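Before any questions on how it binds or moves, here is one chain, the form solved without this ligand, in structure tokens.
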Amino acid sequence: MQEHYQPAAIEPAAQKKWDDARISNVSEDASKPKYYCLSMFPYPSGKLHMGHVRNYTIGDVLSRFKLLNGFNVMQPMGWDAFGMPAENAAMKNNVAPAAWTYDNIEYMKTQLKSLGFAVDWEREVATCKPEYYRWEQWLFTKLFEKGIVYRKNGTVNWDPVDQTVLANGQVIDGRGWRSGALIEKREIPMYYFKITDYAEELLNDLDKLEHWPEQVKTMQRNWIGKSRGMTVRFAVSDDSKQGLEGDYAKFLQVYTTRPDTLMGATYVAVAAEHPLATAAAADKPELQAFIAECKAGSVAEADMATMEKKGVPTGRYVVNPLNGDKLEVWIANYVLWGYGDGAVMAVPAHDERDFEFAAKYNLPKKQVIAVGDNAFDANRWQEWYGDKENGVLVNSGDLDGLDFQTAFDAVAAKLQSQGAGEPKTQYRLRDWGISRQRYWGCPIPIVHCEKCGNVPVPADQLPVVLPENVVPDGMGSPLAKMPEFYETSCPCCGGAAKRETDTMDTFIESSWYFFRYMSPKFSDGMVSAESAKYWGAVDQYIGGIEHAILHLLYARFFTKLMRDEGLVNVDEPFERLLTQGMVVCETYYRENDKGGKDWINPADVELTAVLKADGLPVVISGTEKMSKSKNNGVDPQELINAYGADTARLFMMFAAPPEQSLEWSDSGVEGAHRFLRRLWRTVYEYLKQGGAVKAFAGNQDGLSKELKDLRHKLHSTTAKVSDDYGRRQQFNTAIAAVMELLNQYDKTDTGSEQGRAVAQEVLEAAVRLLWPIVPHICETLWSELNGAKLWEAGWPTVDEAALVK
């Protein structure tokens, strides 16, 4: 055994030792309990960043910990290969997105292997290979025949300069974020997943997830947005029926979740596309300009509530069905066409959104709810205004004295007898649009025939192979310009027909990759029935915060879809969720000659804070998440080249808990490396003074007071580490517990015979307790202390007797 810790000399050897033993290559062995530990598979952007290393080290700790406890652990790895970054790099470097992707995959796979992750590489998948996406095309055709996937027209943002479709997040003040040209609203036929049919099932099944974070389940409930309310019809006044046709000339229909406050309605609001808005705007240019501004808006629902609410009066009036009040109709910008009736009622006294709207335009506020002896202030909103639980009705005539649910049914009874309303359940959830006007994505298995319509590609002719010999030019997506691709024959009649040129949303690949890992080479279905039965569902999921709501919802949707097709048996894909915190770092900038700032990477600077090149001082700015925005990203390959994989893994797990943000620190990295030097020195000095012995075990009566205390600290540390790994999922404190154990070991005389046995017992446990964190040095140190296989010795057991005083 060498005297000095040198990770470059032991880490390649430890990996080949695990590779030859094939401890990470697992099968459906019924003689062992299974454990599926899944980390979110990376996008092949070119090289790993710090978020990758932290995510997959967290997953490797939980995987190696469960492996030492006898579990048959599957920890797979793949590549979320589709996306736009390959197209943009293709337009910059003039290469093909496929070749650019496959090279990034090979390089990043070498980096992941160098980190020593216990990964079953025989289950590796790449979503851009036809061997993978052929099965999401298959499920598309099956759900298309059933109607779960359908085709309808939708509105998109067209950039006429870049000749591409943009999302609302890429539109700023009505212009494209790159071209700066005014976007155009176009209606094109697209494909949709009828996810609203599974809304009740997606909402109720959240109760089965006993181990999910309550805030994550709450975000799923809000996005689905189930509400039990009331449909209410306000009769249009005789002096406001001009220009209206059909039912819109008779009544204005609205939906409300607070029918107990129907007596407190002071005005109604309609969307810009509502027929009442169209009729009143026929002779009013202000209303026409307001309607045009609402239609030209490009607000994302993540910023919908942050939008300033605006409205215009119409001069048209409707009649409240309960008290007969005449209420003026307003055109509001927050009322969305397609959401319910496209019209709402307004109660400013018990809805803060209506309170701010009425206070702006000085609209009346009528109180109809009372909570105790609390005073009602018409010029200041209070939280109890919207209380549905402890409220009682006032200023409501016959409805006075009733609570929420009694007034709900009583209002329902009054409206149904008049034929002016009935209860209704609504959902904020929209259907899932999957059509993307991009090249680098999974093709849509639809052929357009003028005599047969939109016919699905039969299962024999799948996949619809995306051509890889394509270099995007920018002026339009390539698929719509390649007749050699879209010109084909109709699979129903054999006549001339055109393939679908749009590609699928990349969320589709991530909605079922956890099932493909179970049988990645299965060619008769999405997943074999044998492997799905054994592995069941993912026991532990580790990923980031980005797009968590949509990804989880889509993955839970695909699970129930595949279950209904008879492919899987579970109702939920993920039993446990661990979302890691971001990695932040300090930023550095030097002021410009044009009134700006140029941001410098931390690798090109040294703290005296001075630039590393010209030696001119550079401003050290604030800390934020590593990104190419302010050039603050630290390459983990430089961290591995300098200290090794074990130091990188240890610093990640020790600097902060997994959920908390990790702040980059050069001193913290050195401290992790010095501890690995200390651990190597401890084992080396122990073996230099006599070599290994048999670890102490059994009855400890007769040991000295000093040696009994060390065994107490030892088996107390083992209990604390097991709780940190298996329950708390707090790996930083577990490293601190082992450090305290080594501290007391240093202060203890282990020179006696039984003292050497206690020392052997202490060291054999410490290297096994840190094996999930730093497996390379622990495997190397374990072979010096004991001749058995580390994974066969298992997780260290707690000696209960070593705790009785």
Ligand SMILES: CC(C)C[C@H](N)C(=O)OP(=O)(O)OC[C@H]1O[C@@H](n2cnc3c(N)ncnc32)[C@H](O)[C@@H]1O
Given for the second form:
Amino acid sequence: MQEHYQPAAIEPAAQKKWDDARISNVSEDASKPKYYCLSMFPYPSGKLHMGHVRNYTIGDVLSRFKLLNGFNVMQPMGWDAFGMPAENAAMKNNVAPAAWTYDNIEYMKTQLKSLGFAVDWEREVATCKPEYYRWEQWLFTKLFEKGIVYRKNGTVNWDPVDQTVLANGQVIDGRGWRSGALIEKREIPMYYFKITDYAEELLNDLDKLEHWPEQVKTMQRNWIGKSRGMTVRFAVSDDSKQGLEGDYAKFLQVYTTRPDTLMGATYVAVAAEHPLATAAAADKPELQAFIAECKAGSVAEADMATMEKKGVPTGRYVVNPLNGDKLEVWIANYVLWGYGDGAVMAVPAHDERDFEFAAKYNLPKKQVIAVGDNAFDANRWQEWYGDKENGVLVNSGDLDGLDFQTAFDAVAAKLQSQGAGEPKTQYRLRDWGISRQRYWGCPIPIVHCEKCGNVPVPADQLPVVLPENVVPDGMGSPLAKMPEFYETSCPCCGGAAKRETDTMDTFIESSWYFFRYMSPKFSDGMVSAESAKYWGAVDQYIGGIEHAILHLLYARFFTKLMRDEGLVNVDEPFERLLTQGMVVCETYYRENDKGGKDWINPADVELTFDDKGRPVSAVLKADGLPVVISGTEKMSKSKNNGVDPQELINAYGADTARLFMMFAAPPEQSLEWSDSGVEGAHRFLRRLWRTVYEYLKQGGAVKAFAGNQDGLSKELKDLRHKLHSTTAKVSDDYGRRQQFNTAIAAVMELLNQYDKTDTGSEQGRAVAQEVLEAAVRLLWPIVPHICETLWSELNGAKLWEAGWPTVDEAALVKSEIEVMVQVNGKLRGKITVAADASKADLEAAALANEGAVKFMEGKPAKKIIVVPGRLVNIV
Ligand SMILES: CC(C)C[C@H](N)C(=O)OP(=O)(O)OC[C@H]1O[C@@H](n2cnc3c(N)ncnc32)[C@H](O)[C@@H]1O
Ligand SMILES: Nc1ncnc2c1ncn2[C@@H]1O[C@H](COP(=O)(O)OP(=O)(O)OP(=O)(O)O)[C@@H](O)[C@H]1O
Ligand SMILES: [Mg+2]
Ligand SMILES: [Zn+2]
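Same protein, different form: I have the form solved without this ligand, so give me the form deposited with this ligand bound.
The next block holds the full complex; its first chain is the one shown before.
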């Protein structure tokens, strides 16, 4: 064994050893229990950084732990390859998105290889390859013919200068981002997944997910946004019917989740596009102006909660069906057309939005709910005004005295008796719009025929292949300018026809890749029956909270769709979910002569601080002129504060990088990049290396201690106690708690105790061998390179065949104590008690002592003094 730790040498050799043994290349082996650990696959946008590495190290720790415990572990890696990153690169570097993507995949894969993750590279997928996306095209056509995918007009942001559709994140103050031109709302046919048909399933199946973080489930529940409410119809008054046609001339229908407050409605509000708004604004220019203002606004919820709620009266009136009140209709900017009926009732006394609205326009506020003996001031909103739980109804006729649910059911029965309303369930969830007017994405497998309509491409003709020899420019999608792509024949009639030129939302690739990994070369379906049956669901998913809503909802949705197609037989894709904390790092920039600022990478700057740490120098390593030190932010390409792992690996090795990530913080907690934390990890790896070297120097390897430890010295018994307490702790930290930083600390404490133990004797060396053989296996999931090498210097068996260390329970028992039993302070007996014996057990054992019971003369104990470890005194 070489004396000094040299990661640059031992890490490649360890990786070759694992690759040659194929320990991470797994089959559907029925002779071993399966375990599917999955980390969210990256966008191949250039270079991974230490944030990504933290994510993938967490998964590797979990995977290697399960591997050592004899699981057949699949840990797959892949590339989420479609999307806007490559198209922007195409407009910048004038290169094809495909070529840019594949160049990035090559570099990033070597980044991953250098870190030594136990990945099945034979299951690698790249979602931009036809062999992959043909199957989401396949599922698209199957669902299209069922109506689960459908085509309908939707609204988009049209830029009249750049000649392209814009995402809602690229429209600033109603104008384009790179143009400043006023954005037009344009209706165009697009494709949708009818996810609303699965809303109840997607909502209720969350309860099955007992090993998901509650906040993730809460966020998905709020996104789906189920409510149990009441449809309520207010008959239009006779004086207010002019210009109204059909049902809108007879009644105004609204949806409310508080039908228990219907006796407290004081006004009603409709959306600008509502037929009552249009009819009232026919002769009223002020209402036309207000309507036009509404339609020229962002219905996005982001701007709506921050929106100043405005309204105008209409002079039209409706009748509350329960108390006969005549209520005025208002047009209001917060009422959204397309959500429910586009019309709401207002109860200012018990809804905060209605309270502030009525405080602006001085509209009536009528209390219909009392919550105990609390004071109701019509001029002050209080948090209990809208309490659904502990409130009771007032001013409500025969509803007086009922709670929320009883009043809800009563109002339901009354309204249905009058034909004026009925219970109704609604959802905030909208259908999932798939169409993107972009090039670098999965083509939509639809053919447009002027005789046959929108026709799905037959499965034999799938994939519709995206041409890769394309350099987008931004002036619209190039597919729509490529007749060699879009000119085709109709698959139903054979006539001339045109391919759909929109591509799919790239969330589609990530909604099923976890199944594709189970059989990534299967050419007869999305996933082979046998591999799906073997792997079941993902046992462990690890990824950032930014994908907790959309990605996870879409993946659960696709899972149910594929199940209903008979492709898989699970209801949920991910059993356990781990949301790793963000790696954050200080940022640096320089003011650009073009106005803005240019962000510099931390590895290209030099910072010299004072003796008190006072930042006094911060120069760029390319000129030596200063640079601006800025705030500490999430590690990302955005502010160019991404630390390249290859830089860290060249300086310190993969194991140092992995150890720093796993030790610096609990995995869910944010992790600040630290040069000192890196140095601290490296020093521990040298310590570990030195420990094994100095151990083998003084005599070489022996058989590890095992079996009966009677006759072992007290110091060695204590070391074995620390050893097996550590094995128990680390096993729980990896398996149950998933807290890796404390597992490493536990192993460090064991080595601290080892360091203070004389292990030179024959028995001492056997215990030393046991401790070191355990320590290197306990740490192997974190730092497998150094642990693999150190293990082979200690022992000749394969580390993965020796398996995870076992807890020797006999090593955990401490010696028994002899306690003196006194009666009135006079020594009358002795008891032998456990070292863990409580004071109640000492009392119980002393009362039952032979010499104690005789010298107690049948008299009871007035007091029992218990000195643990010394005496019990019965008086
Ligand atoms: C399933 C798909 C929708 C996933 C999609 N392709 C994606 O998110 O790909 P992306 O390449 O963006 O990230 C890959 C993983 O790395 C994490 N991550 C990134 N930056 C950091 C950081 N500073 N600190 C900690 N973790 C970080 C991020 O949360 C994610 O789990
Ligand atoms: N088109 C609409 N635009 C704006 N608000 C509406 C619309 N339709 C209904 N509302 C109002 O939203 C209220 C409840 O909102 P929603 O349907 O989102 O349920 P919720 O927020 O879960 O319910 P709660 O307010 O009890 O928490 C209803 O009482 C109604 O007054
Ligand atoms: Mg269960
Ligand atoms: Zn046709």
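The term rigid core refers to the most C-alpha atoms you can superpose between the two forms while keeping them within 1.5 Å. Numbering follows the first chain given and starts at 1.
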Which residue moves between the two forms, judged by a Cα shift of 2 Å or more on the rigid core: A672, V254, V568, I600? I600
After the core is matched up, is the C-alpha of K310 off by 2 Å or more between the two forms? yes
Quick one: once the rigid core is lined up, does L466 have its C-alpha move by 2 Å or more between the two forms? no
C-alpha of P491: shift of 2 angstroms or more between the two forms, rigid core aligned? no
